[PDB]
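Single chain ahead, written as structure tokens, the form deposited without the partner chain.
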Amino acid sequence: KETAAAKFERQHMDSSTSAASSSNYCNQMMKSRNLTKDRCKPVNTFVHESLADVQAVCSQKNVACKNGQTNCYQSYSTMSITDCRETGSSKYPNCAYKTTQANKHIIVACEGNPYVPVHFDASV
């Protein structure tokens, strides 16, 4: 099956653009990355950085994840992110999202060898 690392890339990475450039970004990306296939995923974050820069977070500041696990890491730098959140008019299969662009630190959970991000925990 798809690996956890590959799933993180599909769900969360967008190195092809520097920022969301229109209100339609989330609607397009949530659909194209197959996040709306079985249900409307309610929230999701995309990171507009190189993969290497995001993977490097696993070597940065160790912090507790929101659920208490201790394999989370916070980026030293802020990154360009886009938050996608379901709107009140969303109704499967026509899932609809509000796009919000921001510069925040990211918190990811890391696993494996090579030790790589497998879950997006928060932006702060």
Second form
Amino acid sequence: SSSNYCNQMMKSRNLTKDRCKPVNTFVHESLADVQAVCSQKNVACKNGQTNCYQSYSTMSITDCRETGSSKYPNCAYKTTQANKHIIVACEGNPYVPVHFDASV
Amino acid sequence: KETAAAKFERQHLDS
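Having displayed the form deposited without the partner chain, please output the structure of the form solved in complex with the partner chain.
Below is the whole assembly, all chains and molecules, this chain first.
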């Protein structure tokens, strides 16, 4: 928990205040552009269900992955920035992203 | 409390 982006944002967003979460992905796009993926390419989710959608374009994403030396309370993350297609599972009305399935 | 859609935004969006 020492000032790279992942350590800072995992703490701020309440993911690592009470545990170290092994992996998390942050999407640097507007909320409505990420919500727009729920009407883009329909694909199967990893679990087999079919309410997943893949973005037509790549999006700016930061992957945060715990190091092999990370132990609560001192969570530590390797930060990887990339531009990738995101795959989200969608539910509700309005039909909105509720789970991040993958980036490709 | 927090809906599933709200949790997705808190955990994964950084606009």
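Each form is matched to the other, and the largest set of C-alpha atoms that superpose within 1.5 Å is called the rigid core. Residue numbers count along the first chain shown, from 1. Residues that one form lacks are left out of the comparison.
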property	result
Regions of at least 3 residues displaced between the two forms by 2 angstroms or more (CA, core superposed)	21-23
